[PDB]
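*Asks:* Could you build the full structure based on these sequences and the hints that come with them?
Residue strings, one per chain:
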Amino acid sequence: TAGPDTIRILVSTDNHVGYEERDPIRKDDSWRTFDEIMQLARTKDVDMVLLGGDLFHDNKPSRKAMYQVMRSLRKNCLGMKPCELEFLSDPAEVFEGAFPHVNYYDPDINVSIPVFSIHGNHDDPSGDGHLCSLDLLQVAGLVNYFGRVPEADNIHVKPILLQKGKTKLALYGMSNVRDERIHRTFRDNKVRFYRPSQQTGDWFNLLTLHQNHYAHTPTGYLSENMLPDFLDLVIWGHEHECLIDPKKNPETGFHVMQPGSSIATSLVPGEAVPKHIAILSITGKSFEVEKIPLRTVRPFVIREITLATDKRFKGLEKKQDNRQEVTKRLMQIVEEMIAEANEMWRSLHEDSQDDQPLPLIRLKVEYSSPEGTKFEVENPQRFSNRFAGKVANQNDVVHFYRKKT
Amino acid sequence: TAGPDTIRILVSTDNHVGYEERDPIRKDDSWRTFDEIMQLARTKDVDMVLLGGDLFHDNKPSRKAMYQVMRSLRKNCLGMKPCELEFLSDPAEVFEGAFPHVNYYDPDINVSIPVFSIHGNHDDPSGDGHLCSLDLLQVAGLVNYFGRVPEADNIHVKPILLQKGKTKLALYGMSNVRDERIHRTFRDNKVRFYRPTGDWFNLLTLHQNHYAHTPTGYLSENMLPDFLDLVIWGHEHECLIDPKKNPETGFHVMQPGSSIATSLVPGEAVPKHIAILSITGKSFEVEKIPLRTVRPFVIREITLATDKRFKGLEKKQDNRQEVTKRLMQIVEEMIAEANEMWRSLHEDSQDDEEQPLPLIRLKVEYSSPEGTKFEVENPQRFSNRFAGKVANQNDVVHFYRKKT
Ligand SMILES: [Mn+2]
Ligand SMILES: [Mn+2]
Ligand SMILES: [Mn+2]
Numbered sequence: 004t005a006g007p008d009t010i011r012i013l014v015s016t017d018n019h020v021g022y023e024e025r026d027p028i029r030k031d032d033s034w035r036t037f038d039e040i041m042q043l044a045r046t047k048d049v050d051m052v053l054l055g056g057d058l059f060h061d062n063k064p065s066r067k068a069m070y071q072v073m074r075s076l077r078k079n080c081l082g083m084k085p086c087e088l089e090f091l092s093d094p095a096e097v098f099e100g101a102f103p104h105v106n107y108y109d110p111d112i113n114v115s116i117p118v119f120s121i122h123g124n125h126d127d128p129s130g131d132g133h134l135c136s137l138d139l140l141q142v143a144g145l146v147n148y149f150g151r152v153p154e155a156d157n158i159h160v161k162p163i164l165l166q167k168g169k170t171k172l173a174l175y176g177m178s179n180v181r182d183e184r185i186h187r188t189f190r191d192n193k194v195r196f197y198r199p200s201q202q203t204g205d206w207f208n209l210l211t212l213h214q215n216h217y218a219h220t221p222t223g224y225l226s227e228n229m230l231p232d233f234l235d236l237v238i239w240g241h242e243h244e245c246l247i248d249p250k251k252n253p254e255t256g257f258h259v260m261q262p263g264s265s266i267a268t269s270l271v272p273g274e275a276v277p278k279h280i281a282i283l284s285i286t287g288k289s290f291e292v293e294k295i296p297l298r299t300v301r302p303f304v305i306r307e308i309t310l311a312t313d314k315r316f317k318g319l320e321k322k323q324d325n326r327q328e329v330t331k332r333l334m335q336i337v338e339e340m341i342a343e344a345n346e347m348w349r350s351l352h353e354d355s356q357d358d363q364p365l366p367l368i369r370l371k372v373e374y375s376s377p378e379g380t381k382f383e384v385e386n387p388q389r390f391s392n393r394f395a396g397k398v399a400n401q402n403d404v405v406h407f408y409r410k411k412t
Numbered sequence: 004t005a006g007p008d009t010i011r012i013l014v015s016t017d018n019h020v021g022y023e024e025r026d027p028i029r030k031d032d033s034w035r036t037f038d039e040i041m042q043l044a045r046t047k048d049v050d051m052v053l054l055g056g057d058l059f060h061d062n063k064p065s066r067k068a069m070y071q072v073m074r075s076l077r078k079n080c081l082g083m084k085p086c087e088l089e090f091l092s093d094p095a096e097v098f099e100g101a102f103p104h105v106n107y108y109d110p111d112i113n114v115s116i117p118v119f120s121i122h123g124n125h126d127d128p129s130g131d132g133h134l135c136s137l138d139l140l141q142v143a144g145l146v147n148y149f150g151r152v153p154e155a156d157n158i159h160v161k162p163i164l165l166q167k168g169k170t171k172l173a174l175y176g177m178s179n180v181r182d183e184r185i186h187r188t189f190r191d192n193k194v195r196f197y198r199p203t204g205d206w207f208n209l210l211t212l213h214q215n216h217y218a219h220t221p222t223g224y225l226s227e228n229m230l231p232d233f234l235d236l237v238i239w240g241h242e243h244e245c246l247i248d249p250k251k252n253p254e255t256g257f258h259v260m261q262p263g264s265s266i267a268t269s270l271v272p273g274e275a276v277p278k279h280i281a282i283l284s285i286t287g288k289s290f291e292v293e294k295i296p297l298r299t300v301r302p303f304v305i306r307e308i309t310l311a312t313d314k315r316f317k318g319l320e321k322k323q324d325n326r327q328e329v330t331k332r333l334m335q336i337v338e339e340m341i342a343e344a345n346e347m348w349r350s351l352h353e354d355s356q357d358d359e362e363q364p365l366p367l368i369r370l371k372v373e374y375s376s377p378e379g380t381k382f383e384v385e386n387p388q389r390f391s392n393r394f395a396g397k398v399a400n401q402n403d404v405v406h407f408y409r410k411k412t
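Chains as they are written, first to last, in the UniProt record's numbering: chain A, 4 to 358, 363 to 412; chain B, 4 to 199, 203 to 359, 362 to 412.
Quick caveat, the hints were computed from the structure, so don't treat them as lab data.
Ideal placement from N, C-alpha and C gives every residue a C-beta, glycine not left out.
Keep in mind that a hint or two might mislead.
[Stated by the list, open to error] Dumping the calculated DSS-like pairs for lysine-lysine here, alpha-carbon to alpha-carbon at most 25 Å: (1) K381/A with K321/A; (2) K78/A with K78/B; (3) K63/A with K314/B.
[Claimed, not checked] Label pairs and their in silico Cβ distance ranges: (4) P94/A with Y217/B: 48 to 56 Å; (5) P27/B with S129/A: 17 to 25 Å; (6) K30/A with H159/B: 28 to 36 Å.
*Replies:* Here it is as structure tokens:
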């Protein structure tokens, strides 16, 4: 819901347009999902689109990957409708001498819904030319690429200032920098956030970044506590776990949203969390979050089984070590996962008459034998292949390992 | 010169954007020259531009190469000025379901000067979607990509029909196909030219070897239909922009040549041009326009044995040491004339600057009848000694003996 003073912003990140392009079963999952996002922006009639990073899965995208993206952008963001937003901030900052203006302030190209985006870890600039994929879409006039970080050492963060009606919005951008280093430049107070002064209080402050939320390494993440308190809300990028619901941080005073990716780039429970995007509507200094679930997302089910401690395997396996029987018991489990995988899809698409894809099934297993009670793990490729035509991950169904090193 | 019934067309080919991108001296020659082309189209106020192919030197252009092309296209081909051309042909035949219309018949993108291009050998399609670099420029709305050849075996060639005022023009296009194969499909009459009526000016653009080293690797002019009026040759880099007439066939043939030198041979040494092609009724007018941003290049061929200047010393006397100074004097006279050409050509106008370091090439076959052998010096070393005087620092001279 929105009026002339409410700004409808659509949030999404880590689309990774290019993931599993060469996979026969799951090739189009990458771009077809992204195109759904762009159609919603036109459908929900948002005022803009904000992307968090990792738009491409590859640093140097394929021609097909770049095509599908270009195709979706032109169809959904070009039109006759006028943009109700005003560009107050300095264009010269983060807009080069090629086309110093914003794309929708361009005379020869009519942009109905402007798109802003930062570069992620995969999207990041590279090569002797030092350009990223977003610069190409920007010189195409399709996208607006802000939050450039030229010097990792010395960092100045200047805002993009936009206003709709009586509502003023300060937009902060900071693309991906290697987690281990960006951890230290913050500590040394090397980063300075630039502020408008005249209407400084009224500004709703919004920031989007692309770092590890929490790290496996002790230095490879970015702690929330290091960000300024004046900020109102933060969009977390590099994380693929859909936590679109805004938690409030006590010490800092702002809320944090973690949209997660658009498709599963890894078969872990974090990627199993149902993926959404949010219709973020900003009014005055208050925001309204309307989360919207994705339909084109491939069904994904994952479970964890410790064969030794399992309720079913305890008897047959310690005594006998009968490999062929290990299958049948495991066969029954995988078939119950596929069963629920199809039901979720069935239920979710009961709603509308738009009309199913072969689901994703993952099992992770450790087996322990104290005294030659060894479970026999079949050859990884062989077990997975037997479900050819029932799952999308024909080769990658199950993982086997032991936790003693 | 042109009125409402004269169609000004800018003709260019083999821009090879991406050539020597990684060369410290000559990295920018690739795109800055192509930008000159585009600015001319806006400057000369042509009605359209026609590219012969090989726009990119690489099949997968780097991000910088694609950016500089996209930049030149947006700046010169988008504007408020209307296009005086009308699209009569079927949009469906050459435009996909993505954007079935021509780029300047697009509602949300204002195109001032439309670009038509075929794909060359380097520019050719590859990969999953069978897409090339032109498909991206087309979906960006910057280029119209026509003359796709889906089947090399069976070839149907349908024309793009365009009309300005009382002047009607049928635009035929054929993308580059392998020279050895396309030679045989033509022989089997596998290719059919579709036809529209009026006295249409028929125009064809292709991207093949004019003459070949192999006996099967070229395309003879004598195989194409006779109704056509003019032909643009798009794979040959030698600049023969002057339209020769073919007696048997009855049409004229133009060979614009490349935009920069992809090879250091006398063919690429020929001063490079583009042509302001003015079509009125069934008559064409050609105004060739020389390129200023092209690097000075000088090449010569020296056969040491037969060379009159030195004879006795090099045969029977001690070699290696003295030979340098003799060759040194010659290469400096080439650098001398290279700089002069540039000076004379740029004297004309106040470009207000300094001139680029020229390209110098020497080729040497050295024969020795009877142990009279000249003593040659290591390729890298001799070339490197002109660091700062030439652009080609590590490859100035070619030494060889003919017989194998
Ligand atoms: Mn990431
Ligand atoms: Mn070429
Ligand atoms: Mn060629």
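*Asks:* Run every hint past the structure and note whether it holds.
*Replies:* Going through the hints against the structure:
1. At roughly 7 Å between alpha-carbon atoms, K381/A and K321/A fall within 25 Å of each other, so this suggested pair holds.
2. Between the alpha carbons of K78/A and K78/B the distance comes to roughly 22 Å, so the proposed pair stays at or under 25 Å and holds.
3. About 56 Å separates the Cα atoms of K63/A and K314/B, which puts this hinted pair outside 25 Å; it is violated.
4. Range check, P94/A to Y217/B: Cβ separation about 54 Å, and the 48 to 56 Å hint holds.
5. For the pair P27/B and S129/A, the supplied restraint of 17 to 25 Å holds, since their beta-carbon distance comes to about 19 Å.
6. For the hinted restraint 28 to 36 Å between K30/A and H159/B, the CB-CB distance of approximately 30 Å keeps it satisfied.
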